[PDB]
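First, one chain by itself in structure tokens, the form deposited without the ligand.
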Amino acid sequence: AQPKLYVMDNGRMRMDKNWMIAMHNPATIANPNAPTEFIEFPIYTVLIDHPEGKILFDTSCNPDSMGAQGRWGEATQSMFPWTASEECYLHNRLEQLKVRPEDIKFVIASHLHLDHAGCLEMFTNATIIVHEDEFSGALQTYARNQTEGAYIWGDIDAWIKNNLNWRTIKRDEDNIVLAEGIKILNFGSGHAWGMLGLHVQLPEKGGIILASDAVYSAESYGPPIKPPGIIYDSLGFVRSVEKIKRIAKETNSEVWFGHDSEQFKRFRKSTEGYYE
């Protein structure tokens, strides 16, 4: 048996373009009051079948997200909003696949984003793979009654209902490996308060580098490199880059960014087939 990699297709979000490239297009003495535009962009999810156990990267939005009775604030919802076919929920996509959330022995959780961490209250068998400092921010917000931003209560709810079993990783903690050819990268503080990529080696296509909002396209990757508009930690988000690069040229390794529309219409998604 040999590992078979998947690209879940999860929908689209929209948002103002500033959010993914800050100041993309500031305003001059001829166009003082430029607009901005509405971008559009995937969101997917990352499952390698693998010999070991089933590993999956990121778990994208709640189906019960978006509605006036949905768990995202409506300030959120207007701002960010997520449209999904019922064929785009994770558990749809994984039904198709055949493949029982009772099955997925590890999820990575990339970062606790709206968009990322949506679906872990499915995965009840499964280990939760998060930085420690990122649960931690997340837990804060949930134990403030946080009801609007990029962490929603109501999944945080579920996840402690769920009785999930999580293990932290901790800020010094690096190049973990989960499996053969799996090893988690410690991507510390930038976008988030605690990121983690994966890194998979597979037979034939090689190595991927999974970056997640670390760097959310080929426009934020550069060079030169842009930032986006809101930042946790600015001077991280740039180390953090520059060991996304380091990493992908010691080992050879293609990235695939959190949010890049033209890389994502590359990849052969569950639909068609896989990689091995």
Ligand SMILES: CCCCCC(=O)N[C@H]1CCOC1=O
Given for the second form:
Protein chains: 2
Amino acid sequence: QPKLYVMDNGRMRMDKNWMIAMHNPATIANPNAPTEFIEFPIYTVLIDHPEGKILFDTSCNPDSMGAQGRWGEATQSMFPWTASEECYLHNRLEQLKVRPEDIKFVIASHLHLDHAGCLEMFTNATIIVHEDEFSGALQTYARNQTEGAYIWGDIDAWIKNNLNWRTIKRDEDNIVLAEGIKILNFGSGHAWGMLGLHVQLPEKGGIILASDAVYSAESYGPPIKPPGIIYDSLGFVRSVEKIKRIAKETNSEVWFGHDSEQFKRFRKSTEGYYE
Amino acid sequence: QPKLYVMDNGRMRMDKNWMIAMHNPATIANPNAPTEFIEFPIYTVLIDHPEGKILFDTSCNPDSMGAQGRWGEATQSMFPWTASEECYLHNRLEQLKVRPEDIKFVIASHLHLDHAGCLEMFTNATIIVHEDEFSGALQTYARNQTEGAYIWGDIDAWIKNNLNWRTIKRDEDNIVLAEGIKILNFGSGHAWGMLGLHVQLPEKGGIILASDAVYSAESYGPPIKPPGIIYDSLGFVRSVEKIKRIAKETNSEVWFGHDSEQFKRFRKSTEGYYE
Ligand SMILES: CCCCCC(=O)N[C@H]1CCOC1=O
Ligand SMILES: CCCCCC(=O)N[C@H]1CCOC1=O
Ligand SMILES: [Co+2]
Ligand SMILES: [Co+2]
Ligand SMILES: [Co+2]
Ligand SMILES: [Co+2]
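May I ask for the structure of the form deposited with the ligand bound now, the form deposited without the ligand having been displayed?
Every component of the complex follows; first up is the chain already shown.
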């Protein structure tokens, strides 16, 4: 019978406008309107399934921040990640007695700095990623982009560690990985190619892992509120509606990428698991 | 020999983030990064052509602002328009000795509040608009909304005045209206359906009227910088690169929708014209 764990991988801050576009626009009464630097959780999900362990997302690399950090100086200043050692993914998995080598599948929802940071650890797993997300990230690496949401040094490590990539093709969807585990292909929106997961647990029922396809309950609405920069704005809205449709049709609970209030209410890996 | 006039229809202010997405993101060093309330021009272009007068865009309706105005209270607070009487389109046309009835074609770049506000004046002209922009605007009208970029009162007047609509089909492009005057179909991006104009003047050469397909030189780049909330982000970028291509292939100047610096340099209708 499967078990699902939520692993707390620390906290990030950023301009609220990144999360909710134009959340507090300047007005005639408030012409120099101040923004807020909001804090939110970075997390990963491990499903201990009889057919093999599945990891959804990988958080940020431990070598991300600081003077030796792989993240560019501007990136560090705009999206600072705060994490104690116990929050690092390798330690969260050790606390669960799971070796990186024990992971059969890693699902990269996309290849942003806060989701693909530790792909390099999983050299025996099949790494599942949207083909267009893979292409886009690799182009950034080829252009030697040292700032932004695709981290040059993380990509460099994925290449050096010769990972076992499986790309989800842009027309593929509802990819069954194991009994009750299905990859949802949301396509372009937040990024070039977004993957989610539907998990059917015997007791808890249906769960949809949305990652950055839906940042928060405020994003989800209604009304739907898009993020402040967005690769494909039409695809973003289409993807949120797809998530709502699947949630309704399957009676599933939607887990957002970065909702503080929702995350606070989750049972974490240190206290237990879902079933 | 044609003559082209730039008519000054006042000024609007708004949060700079509407114009340039995330122009000044909050950082560790400034967590409450202030925005700014920028000012920019609203303008229209009249081409006095031997085959007939052609108007590109129509500015804002004179009854837009004020507690008893057509624009919603929230919209007025975020996008205030200031205009002396001489700036109203009917007055700018009167100053040029052009009656509304003398206009043969009006090109509605799109149907937003600051470009379609005076369509109702032109009851003898053919009103040229993208089919999907027309559909979208009419749907908002049918929903009886009081806030947003599509103004119920304006649309209500277009219908009651029985305008002579010609829709440009989504796959139609490079539509010749007169010698040296060609409609460019940019499609969806900033809005559902954006139209621009290419004008070939004997002395001045090529001019592309971009309207809201490109707000400003800063938008145009490179790098291209999209607006804070964008309907179709991929379409927006495709449309900017189409404008760049056409400008290069035809050696044309590009006239942005709302660039303060560029507009200051234009010869206005009270001082003269282009040929
Ligand atoms: C430089 C633009 C980066 C914007 C997108 C981004 O990387 N946003 C983080 C915040 C949490 O989820 C993310 O991926
Ligand atoms: C509330 C969405 C705003 C849509 C964008 C818009 O209407 N922007 C104005 C500002 C000047 O050019 C425009 O059309
Ligand atoms: Co992301
Ligand atoms: Co994220
Ligand atoms: Co507009
Ligand atoms: Co405009």
